[PDB]
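Novice: One-letter residues, chain by chain:
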Amino acid sequence: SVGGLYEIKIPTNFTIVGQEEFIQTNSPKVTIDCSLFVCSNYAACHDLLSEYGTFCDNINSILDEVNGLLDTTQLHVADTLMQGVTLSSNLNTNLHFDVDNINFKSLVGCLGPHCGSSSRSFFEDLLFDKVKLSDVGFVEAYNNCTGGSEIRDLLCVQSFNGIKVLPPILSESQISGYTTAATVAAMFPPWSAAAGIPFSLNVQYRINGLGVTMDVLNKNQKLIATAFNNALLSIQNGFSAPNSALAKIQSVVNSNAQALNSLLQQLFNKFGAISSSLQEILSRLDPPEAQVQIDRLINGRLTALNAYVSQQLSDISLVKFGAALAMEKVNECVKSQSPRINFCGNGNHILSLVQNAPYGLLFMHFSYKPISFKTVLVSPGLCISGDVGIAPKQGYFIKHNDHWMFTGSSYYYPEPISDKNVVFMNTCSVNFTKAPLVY
Amino acid sequence: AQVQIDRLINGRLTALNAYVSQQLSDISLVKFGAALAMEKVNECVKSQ
Amino acid sequence: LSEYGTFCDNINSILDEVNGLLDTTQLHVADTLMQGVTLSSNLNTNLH
Amino acid sequence: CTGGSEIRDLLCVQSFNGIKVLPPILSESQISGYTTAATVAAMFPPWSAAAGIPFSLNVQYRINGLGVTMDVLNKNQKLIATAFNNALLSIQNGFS
Amino acid sequence: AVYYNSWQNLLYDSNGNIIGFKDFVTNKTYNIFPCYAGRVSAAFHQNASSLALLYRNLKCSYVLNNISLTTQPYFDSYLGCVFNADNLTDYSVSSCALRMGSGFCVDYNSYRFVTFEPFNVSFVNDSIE
Ligand SMILES: *[C@@H]1O[C@H](CO)[C@@H](O[C@@H]2O[C@H](CO)[C@@H](O[C@@H]3O[C@H](CO)[C@@H](O)[C@H](O)[C@@H]3O)[C@H](O)[C@H]2NC(C)=O)[C@H](O)[C@H]1NC(C)=O
Ligand SMILES: *[C@@H]1O[C@H](CO)[C@@H](O[C@@H]2O[C@H](CO)[C@@H](O)[C@H](O)[C@H]2NC(C)=O)[C@H](O)[C@H]1NC(C)=O
Ligand SMILES: *[C@@H]1O[C@H](CO)[C@@H](O[C@@H]2O[C@H](CO)[C@@H](O)[C@H](O)[C@H]2NC(C)=O)[C@H](O)[C@H]1NC(C)=O
Ligand SMILES: *[C@@H]1O[C@H](CO)[C@@H](O)[C@H](O)[C@H]1NC(C)=O
Ligand SMILES: *[C@@H]1O[C@H](CO)[C@@H](O)[C@H](O)[C@H]1NC(C)=O
Ligand SMILES: *[C@@H]1O[C@H](CO)[C@@H](O)[C@H](O)[C@H]1NC(C)=O
Ligand SMILES: *[C@@H]1O[C@H](CO)[C@@H](O)[C@H](O)[C@H]1NC(C)=O
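If you read the sequences in order, they're chains E, F, W, P and S. Taken in order, the first sequence gives residues 785 to 1223; the numbers are from full-length UniProt numbering. Taken in order, the second sequence gives residues 1074 to 1121; the numbers are from full-length UniProt numbering. Taken in order, the third sequence gives residues 833 to 880; the numbers are from full-length UniProt numbering. Taken in order, the fourth sequence gives residues 929 to 1024; the numbers are from full-length UniProt numbering. Taken in order, the fifth sequence gives residues 640 to 748, 765 to 784; the numbers are from full-length UniProt numbering.
Just so you know, the hints here were simulated from the structure itself, not pulled from any lab data. Think of the CB as a built atom: it goes at the ideal place given N, C-alpha and C, for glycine as much as any other residue. Please note that a few of the clues may not be correct.
[Claimed, not checked] Some but not every residue of chain E turned toward chain W, in silico, with C-beta under 7 Å:
#1 1024
#2 1027
#3 1053
#4 1054
#5 1056
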């Protein structure tokens, strides 16, 4: 400190920046037919497998529990998106897509059943087109297995060996309808997702809450709106680059496809038998010795299923943890602005929005970003009049024109000291700057 | 020797699969602990 | 052991995934500590 | 493990049987550098970890927020600082 | 096929399955594909006397021609061929015990195949402007 004052860099200009965050909330519902996987079509194997008793019943029961946990999680996420949402029946997204100079046309799909499954937004369309194996991607791949195609899709070979991915209980088009409705709920009255006020005023009050004077905000409203929709366009364009969110989404599909491929490759291991093929064993040996070989394959394949099941349980614990975080962000970043600093992404978080994504949700976090700075001398408090202390609210005291003035901490704008920007103290602390002439 | 060694191979591979399944379970708790520690850095140390 | 094929490959693949989760977690914790930190270049802890 | 010592460390026997603990991608020295930086970010301007105000004022306002009048806090500032660094010493000694 | 040299007659994949051959007598060349294998997803209600069957990803023409003929009524749903349930996807239910996937549900009075829509928006008729 020089006298009572410290050197601080205060922003003199700013912009809004957008940051993407994919959170996984779901995973491919893998289902295994233990009998078809272990024994294929061979009666001599099904006989021996029946003497192992409940092992296939245990594998099926654990996978049915795991898939029920995924279904319950997907319902709880959809319930969280729809919670409290109230829309006007006059709302028509074919005409109603921008307000207060901010453009939402890309974030909003078809609203209401008259448009059918087209409720996916342009943003969600652009995100889904870069991921082949979404829910509809799996349904189309399995539909092609009886198409007679010369292409040998590993998904068909997996399904014919009893390894298959089922669709989720809610289609991604329904979830995209819920994220569309939750988005338009902030745009128009009654503003049920935006604290009951217009979206631009909510943005303005959130920026003011960072220590920016309202006087710059309500004159720069056009510059703030254009910064906001430029940030949204930068998020959309950012998926064409090697985007970390898109990389995370593809890693969900890739890790699933890798695990299923490893489980299929377990059928070709010999496990110390004369062959990995039941056709070869049963065409080389009679029952007394064929039993000894087939029993080695049954133990190998049942051990591989128990290993895969234990990995699947472990992974779905992480999917439940991720879904609980995504519901917390929908509640405390999108539908409201909880007073938690780095929870809703990094930096000076203004506001957040949500869109559907393959196996999860994609959040857009918008943050106040300083562009340029002024170094200034600031006082954290003043001692004034009859040694009454004052401290600045979300700001600093500064000398301007040899007079004490206040400024917000996030934007340099000298304004007069008043009870609107001050905390009073009946005694001033030590090392508060003496200013007997104030007030 | 093959018949004996194959019992040792099955024993040792079974032990590795058990240790792997325990390690996956433990690391889920380590991730949960790290998520809490980041939340405390943000909401107790850098802010209140 | 080679006639058990992918068993050792599966053990190595799961442990490499686990160790990659730990590494990614340690980076996210360090990022959380460093987030927003601004220091004066005049700062020297031998005197201050 | 290759130092030729007569000591039979279990970590060496584990490593020779293919069981080994690798170092983390960031050393604990780097992490202790990051916790040091995050700590001094509250000591001095711009106070980037202490809400942009001096640490003692942040402590005083936090205590006032509990329902303690500002008058006793800014009068007893020396007693509060002494209680604070005594608490820190009590943690350090409590590790023994 | 053009890849078979004079000493070669069998086409193998990376796993050692045979996937094609050249016939030693006729020199004709064929690809080999596996015969279809799959499950039936049967939906059952305790108050019912029958099952609603879903053949996932199969068209009803394929089920009837290549798997089995049945007397039950059938239709091609999005999920595959559905037997013994009425196609009522225009109808919707807010709760469902027999969840088939992709927002489809089996409901029982016969069985109905209907859409599952567990959540609604609250609507008001107030002006947006
Ligand atoms: C304050 O109230 C006025 C009047 O209700 C609002 O002005 C309207 O704002 C929209 C932008 O959200 C303007 O749309 C623009 O139209 C041109 C074509 O004319 C197009 O090129 C632009 O891309 C944009 O879509 C609209 O013209 C404008 N209407 C009038 C009569 O000015 C204003 O948005 C409200 N809010 C604020 C913060 O001013
Ligand atoms: C099937 O292909 C074989 C191999 O090309 C044919 O056998 C050869 O035919 C030529 C022409 O008559 C002879 O010069 C060769 O000596 C034959 N043997 C071999 C091993 O090359 C055979 O004729 C073909 N048969 C049919 C019905 O197409
Ligand atoms: C199953 O029932 C649905 C609902 O009645 C049928 O879908 C309608 O089909 C007609 C003729 O193509 C269209 O005009 C409607 O727009 C469709 N409605 C919807 C909600 O998509 C469907 O065609 C029936 N399918 C079968 C195989 O019977
Ligand atoms: C703030 O920054 C933008 C982008 O550099 C610029 O267009 C604008 O004129 C600047 N305003 C001020 C007051 O410096
Ligand atoms: C399914 O088959 C049709 C016809 O061959 C083709 O147009 C379509 O692209 C295929 N889709 C997939 C996912 O294989
Ligand atoms: C949802 O809306 C439809 C159409 O108005 C109605 O049939 C159904 O009963 C509603 N369900 C709930 C839970 O509100
Ligand atoms: C809105 O709904 C209520 C209840 O049906 C009705 O009294 C009112 O006239 C309606 N207003 C419009 C504009 O439809």
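Novice: Each hint: holds or not?
Specialist: Cross-check of the supplied hints:
1. 1024: violated, 25 Å
2. 1027: violated, 17 Å
3. 1053: holds, 4 Å
4. 1054: Holds. Min distance 5 Å.
5. 1056: For residue 1056(E), the interface hint holds, since the closest Cβ of chain W sits about 5 Å away, which is under 7 Å.
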